[PDB]
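Peer 1: Assemble chain B with the ligand onto chain A, guided by the hints.
Single-letter residue listing:
Protein chains: 2
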Amino acid sequence: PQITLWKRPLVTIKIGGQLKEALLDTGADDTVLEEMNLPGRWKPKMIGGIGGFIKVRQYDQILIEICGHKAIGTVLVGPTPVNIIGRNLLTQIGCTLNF
Amino acid sequence: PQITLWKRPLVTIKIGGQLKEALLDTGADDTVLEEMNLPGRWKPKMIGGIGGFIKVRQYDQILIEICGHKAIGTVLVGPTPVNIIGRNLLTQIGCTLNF
Ligand SMILES: CCC(CC)CN(C[C@@H](O)[C@H](Cc1ccccc1)NC(=O)O[C@H]1CO[C@H]2OCC[C@H]21)S(=O)(=O)c1ccc([C@H](C)O)cc1
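Just so you know, the protein sequences line up as chains A and B, in that order. All residue numbers in the first sequence are consecutive under PDB author numbering, ending with 99. All residue numbers in the second sequence are consecutive under PDB author numbering, ending with 99.
Do not rely on the hints blindly, as some may be mistaken.
To be verified - Every beta carbon over 10 Å from chain B, so not counted as near; a handful from chain A, in silico:
1. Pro9
2. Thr26
3. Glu35
4. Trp42
5. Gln61
6. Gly73
Unchecked claim - Interface residues of chain A toward chain B, partial, derived using beta-carbon atoms under 10 Å:
7. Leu5
8. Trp6
9. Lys7
10. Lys14
11. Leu24
12. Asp29
13. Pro44
14. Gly48
15. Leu63
16. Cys67
17. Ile72
18. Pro79
19. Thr80
20. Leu90
21. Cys95
22. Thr96
Claimed, not checked - Below are the DSS-like pairs computed for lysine-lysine, each with C-alpha atoms no more than 25 Å apart in a straight line:
23. A:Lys43 / A:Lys7
24. B:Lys14 / B:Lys55
25. A:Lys55 / A:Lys20
26. B:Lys20 / B:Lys43
27. B:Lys70 / A:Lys70
28. A:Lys55 / B:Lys7
29. B:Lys70 / A:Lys43
30. A:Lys45 / A:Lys55
31. B:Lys55 / B:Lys20
32. A:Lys7 / A:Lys70
33. A:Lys55 / B:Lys14
34. B:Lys55 / B:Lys45
35. B:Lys7 / A:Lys45
36. A:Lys45 / A:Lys7
37. B:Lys45 / B:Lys7
38. A:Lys43 / A:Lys55
39. A:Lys7 / A:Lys55
40. B:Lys43 / A:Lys70
Because the hints were derived from the structure by calculation, they are not lab data. Note that CB positions come from ideal geometry on N, CA and C, so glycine has one too.
Isolated chain A (complex conformation):
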């Protein structure tokens, strides 16, 4: 679809078999989700945001569906204030900005 920006660009995602709400975030390199259980192995990693750096769990090659578009990529799990879909997955679903 075409998504205007007068409201937050929230979408329903499917991951680990559960539905969630997440923000399409072109200012995020990476996809970061609030604390949750995910199957598979993970490695500890750090990521930085506007306020500093946090510890996250890095899950690689995770299946995630975003508005019915499929992506398979890295999902970071940790104390983000909001579930965000970053460019690593936005590129997989063909997302561009246009003006």
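Peer 2: Chain B with the ligand in isolation, oriented as in the chain A frame:
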């Protein structure tokens, strides 16, 4: 133009008579700029993201030009690591997400 998301969506802006590079950030409600000594009234604010909060100064009715498109609105100024164009100004320049 059409901006793909393989790399950060960085564009040149003009604000307070200065040129800067900034992120077109659909994940930001409002616009946050690197510390700069703008004239006029302001009010202090705290804004939060990954890693916590930073203190900013909120200026209202600021003119920013984004890739030749003029916009005027609220800008927050403080120690952000990157200039961030948020939805308050992205709407004004006709910017949409498309996939
Ligand atoms: C989860 C945060 C979202 C949702 C609440 C909001 N943020 C925008 C988001 O796009 C940031 C933009 C950013 C910040 C620092 C360095 C680079 C890019 N990206 C980001 O944290 O991405 C992480 C993930 O991937 C990694 O790449 C980049 C850094 C890593 S914000 O900046 O905190 C913010 C908060 C309040 C306002 C006003 C008050 O509305 C305006 C902007």
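Peer 1: Now tell me, hint by hint, if it's right for this structure.
Peer 2: Hints, one by one, checked against the model:
1. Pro9: Incorrect as stated: the minimum Cβ-Cβ distance to chain B is 5 Å, not above 10 Å.
2. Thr26: Non-interface label fails for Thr26 of chain A: nearest chain B Cβ at 5 Å, not farther than 10 Å.
3. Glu35: With a cut-off of 10 Å, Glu35 of chain A remains clear of chain B, as the shortest Cβ separation is near 13 Å.
4. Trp42: 18 Å, holds
5. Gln61: Check passes; 19 Å lies beyond 10 Å.
6. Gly73: 13 Å, holds
7. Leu5: Check passed: Cβ of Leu5 of chain A comes within 4 Å of chain B, closer than 10 Å.
8. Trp6: Interface hint status for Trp6 of chain A: holds (5 Å vs cutoff 10 Å).
9. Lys7: With Cβ-Cβ at 8 Å, under 10 Å, it holds.
10. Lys14: At 16 Å from the nearest chain B Cβ, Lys14 of chain A fails the 10 Å test, so the hint is violated.
11. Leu24: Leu24 of chain A check passes; min Cβ-Cβ to chain B is 6 Å, inside 10 Å.
12. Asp29: Holds, because the Cβ-Cβ distance from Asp29 of chain A to chain B comes to roughly 7 Å (cut-off 10 Å).
13. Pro44: Since chain B brings no Cβ nearer than about 16 Å to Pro44 of chain A, farther than 10 Å, the hint is violated.
14. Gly48: At 6 Å from the nearest chain B Cβ, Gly48 of chain A passes the 10 Å test, so the hint holds.
15. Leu63: 18 Å, violated
16. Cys67: 8 Å, holds
17. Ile72: 16 Å, violated
18. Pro79: Status holds, d = 8 Å.
19. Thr80: Where the cut-off is 10 Å and the nearest Cβ of chain B is about 5 Å from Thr80 of chain A, the hint holds.
20. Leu90: 5 Å, holds
21. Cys95: Where the cut-off is 10 Å and the nearest Cβ of chain B is about 4 Å from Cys95 of chain A, the hint holds.
22. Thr96: At about 5 Å, which falls below the 10 Å cut-off, the nearest Cβ of chain B leaves the hint on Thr96 of chain A intact, so it holds.
23. A:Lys43 / A:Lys7: Violated, at about 35 Å.
24. B:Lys14 / B:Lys55: Distance of about 23 Å is within 25 Å: holds.
25. A:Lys55 / A:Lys20: Measuring from Cα to Cα gives roughly 22 Å; hence the hint holds.
26. B:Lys20 / B:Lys43: This hinted pair holds, its Cα atoms lying about 23 Å apart.
27. B:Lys70 / A:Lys70: The hint is violated at about 36 Å.
28. A:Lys55 / B:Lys7: At roughly 24 Å apart (the allowed maximum being 25 Å), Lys7 of chain B and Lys55 of chain A satisfy the hint.
29. B:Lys70 / A:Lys43: 45 Å, violated
30. A:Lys45 / A:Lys55: Cα-Cα ~6 Å, so holds.
31. B:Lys55 / B:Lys20: Given pair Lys55 of chain B, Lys20 of chain B holds - Cα atoms ~21 Å apart, limit 25 Å.
32. A:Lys7 / A:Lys70: Since the Cα atoms of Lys7 of chain A and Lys70 of chain A sit roughly 24 Å apart, the hinted pair holds (cutoff 25 Å).
33. A:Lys55 / B:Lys14: Violated, because 36 Å separates the two Cα atoms, which is more than 25 Å.
34. B:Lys55 / B:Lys45: 6 Å, holds
35. B:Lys7 / A:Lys45: 21 Å, holds
36. A:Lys45 / A:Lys7: Since the Cα atoms of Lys45 of chain A and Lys7 of chain A sit roughly 32 Å apart, the hinted pair is violated (cutoff 25 Å).
37. B:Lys45 / B:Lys7: 30 Å, violated
38. A:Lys43 / A:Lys55: 11 Å, holds
39. A:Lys7 / A:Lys55: 30 Å, violated
40. B:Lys43 / A:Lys70: Roughly 44 Å separates the two Cα atoms, so the pair is violated.
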